[PDB]
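*Asks:* Given the structure of chain A, go ahead and fit chain B with the ligands onto it with the hints provided.
Residue-level listing of the chains:
Number of protein chains: 2
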Amino acid sequence: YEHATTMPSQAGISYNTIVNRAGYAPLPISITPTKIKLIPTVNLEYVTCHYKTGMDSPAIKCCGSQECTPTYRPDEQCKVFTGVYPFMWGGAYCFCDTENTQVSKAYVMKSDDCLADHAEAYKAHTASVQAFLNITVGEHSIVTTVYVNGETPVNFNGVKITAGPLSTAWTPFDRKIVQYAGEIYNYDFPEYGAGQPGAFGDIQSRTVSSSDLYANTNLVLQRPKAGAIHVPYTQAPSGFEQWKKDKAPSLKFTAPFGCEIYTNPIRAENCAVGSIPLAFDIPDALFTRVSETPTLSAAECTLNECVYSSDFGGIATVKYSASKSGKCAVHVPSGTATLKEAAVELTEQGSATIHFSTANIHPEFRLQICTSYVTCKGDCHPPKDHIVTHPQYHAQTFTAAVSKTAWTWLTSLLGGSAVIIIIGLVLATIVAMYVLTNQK
Amino acid sequence: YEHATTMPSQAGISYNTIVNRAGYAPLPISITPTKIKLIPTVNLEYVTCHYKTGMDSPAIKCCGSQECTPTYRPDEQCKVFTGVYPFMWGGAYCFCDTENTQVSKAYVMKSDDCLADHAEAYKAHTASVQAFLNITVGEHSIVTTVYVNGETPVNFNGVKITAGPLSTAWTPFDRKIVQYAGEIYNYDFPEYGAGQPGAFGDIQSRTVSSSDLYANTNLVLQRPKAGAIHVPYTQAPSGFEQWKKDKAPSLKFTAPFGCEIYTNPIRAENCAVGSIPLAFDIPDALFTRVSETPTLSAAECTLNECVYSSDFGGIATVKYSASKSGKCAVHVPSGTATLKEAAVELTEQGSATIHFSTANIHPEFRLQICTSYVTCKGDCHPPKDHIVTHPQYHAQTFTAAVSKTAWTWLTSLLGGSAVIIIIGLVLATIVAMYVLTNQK
Ligand SMILES: *[C@@H]1O[C@H](CO)[C@@H](O)[C@H](O)[C@H]1NC(C)=O
Ligand SMILES: *[C@@H]1O[C@H](CO)[C@@H](O)[C@H](O)[C@H]1NC(C)=O
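Taken in sequence, the protein lines are chains A and B.
Under this note's numbering, the residue at position 200 of the first sequence is numbered 230, and the numbers go up by one with no gaps.
Under this note's numbering, the residue at position 76 of the second sequence is numbered 106, and the numbers go up by one with no gaps.
The following block holds chain A by itself, in its conformation from the complex:
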């Protein structure tokens, strides 16, 4: 037997359904999503950290001249200044008043703390969805991780279940993300080899331990102060620190649908968007006979009280006279009510209590028990709390909240609108016939 359903993607809320064969005992199915994970495929672009301007010692040549060598270091600047008179603690370092040269070098490398304080730039695409499910089909239970691609099956006790694909391709991450301090930022970082001074990614390394290091920090060299041995430089401040000074809240606080953003692996959790289409394949062996299950006779539904709150605010009692005791499946085929439980113990004679949640002011729902179908009615009242802390446990309709009062003052006005028109047409036809009969 092939069954199909569509469970909304909402973690922590059970989904109970029933499989009714033509002449066999109903089969209860329950799916409880404990966690739904959306894991994008991220590849590392580069890693950024604070830079250190490691600068070589000034080489001073007295009474002579020097030349500069490249030395091939990241963003290295080498310059020779002519006319220096350096001073040490011991006195004048050089014995020529002029024509003394001082060559100074200044390069940049990753800071000593880049092994811990760094931000990784990722590119995200083709997100994959996984879901932790507690499944119960015909008393056969399982707790498993199912990939929400529509094709990967999870199988147990001969029953196969294929979940997904998710109805939406929406993902909280853009094409470029920045992970820093275990917290994902939705940033449009510069490409490798295209960083700019004073902004994120001014220095870029392909990997934390990679030897290569692109560096564009606008480093220049200034003339040393007279009578001083040092390498003066003026470069734009660190782009990593500037980015951290103003980076906006992360996706933990800005992602739509209330997604929870986690790292290692970069994933989103409990995104309340879309629905997962479930496909069950139940072998014919699991469908038992009708006589084995209890058969219900002379059952009626009484709605003790109904309050259309988010949680299970409605309660009903079914007066039943069953053929025998045992487990019995209960369901509501309509979408006007959702039962808390998909099964109930049943005796030979008595009353069964059923908890349900609804959004109707006046419920008219066709409850189903072991085999019979009992219509359950009543009225509901508004709940006593304005704001709650749990999501809605049911689904509403556009005509759910229209009470009998609204129906009366909508039908009387619209019906009365038509009645007067019909009266007018009838009078017009009658007088027209009378006029034609007046013609001699």
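Please keep in mind that the hints were generated in silico from the structure rather than gathered at the bench.
Heads up, some of the hints might be wrong.
Put simply, identical chains are the same to the list, so a pair is met inside one copy or across any two.
[Stated by the list, open to error] Below are the DMTMM-like pairs computed for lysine to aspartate or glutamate, each with C-alpha atoms no more than 25 Å apart in a straight line: (1) 190 / 242; (2) 277 / 181; (3) 65 / 221; (4) 206 / 181; (5) 206 / 311; (6) 190 / 218.
*Replies:* Okay, now just chain B with the ligands, sitting in the frame of chain A:
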């Protein structure tokens, strides 16, 4: 200055261009794609090898009975055969004619050679195009690897180059691929937990070193032969061996566009499909005035000998009277002829030889020397050989193969037909005017 162009995605064939500023010297561009890679993103979900049916030694009980241990191993199953009379080498094992029970159980493991002789199943999507480009602008050259995404820039001598994205999204790998022995197959394998006996993936392991193994081989235990201690079993022949027997040629032999599929990483190299858009950002310091480059005047092109073969069949010469010697660029702006080189040495006076490849019988091509522009004309002969081992070095138009005789015949038939129509219309108008004039 920003220059946007396109380049055919054909490895080996050099692409030559000239950028022309308003009053500055023309600047040459030469891009040689040595190798183009198309690398899909692959996720490994399982591996498959030959299985080994392990069997526990039978547990024999004389005048007794035994019970089956619960199954805990891949495809493991147990059976207790009653009424056995085992018969070892040292006579009968049991002194008990009947009520002797032999427990025989079997299961499936990976073969001892699964570390080397295994095929791994991948899911491929979102191919990432890469290229190896040797680029030359303004006598400055660089050989590098360019990611053909439309954003990653390559920097050299202050010049930005951005290649891509590829004009087509075609990839040779299907959604599901299989890698075995360095060869890639487009196989729609069953996914993990859905392997079938006797076919590829009958036994599945998430990784090579993973301790999990899904086995489905129709392992069935049979009753032992009388007086024999052994575990007789029956199962479908290994699906990996069956797949190896008839798996069809790998992608290396069946891929369109002449792709070369390699492994580690799984990639397709040198596919003759699509075109690569190129964008150069050239700093204005590279452009030099026309005075610096050797200006040229009083030049003409004579076509020495033209044959419209795939290679550089045509040879021409230009008689030049240059102001001074030096480098000077040459290029055909149109697509009716592709030059062999992009620069030539010019003396004070003389003649310079040019090699070009053309596809038209009569090449009327508007050659562009670095300063003077010469229209070069002639006739071509067909090549001698029917088949060559080189690809086509030129681009042909729909009207390039039409000879002068065909043009005369078409402009005769069409054209003269319209002239005959025009004569008839003129005669009709003239006689209509004549008959209207004769009203009186
Ligand atoms: C399903 O299993 C999860 C995890 O063990 C548990 O939190 C949840 O209450 C279970 N649900 C049912 C209906 O057993
Ligand atoms: C570019 O470099 C490659 C590798 O060194 C070489 O094979 C090729 O001929 C070069 N192209 C040009 C135009 O020099």
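*Asks:* Just pull the numbers of the violated hints for me, sorted ascending.
*Replies:* The structure conflicts with no hint, since it agrees with every one listed earlier.
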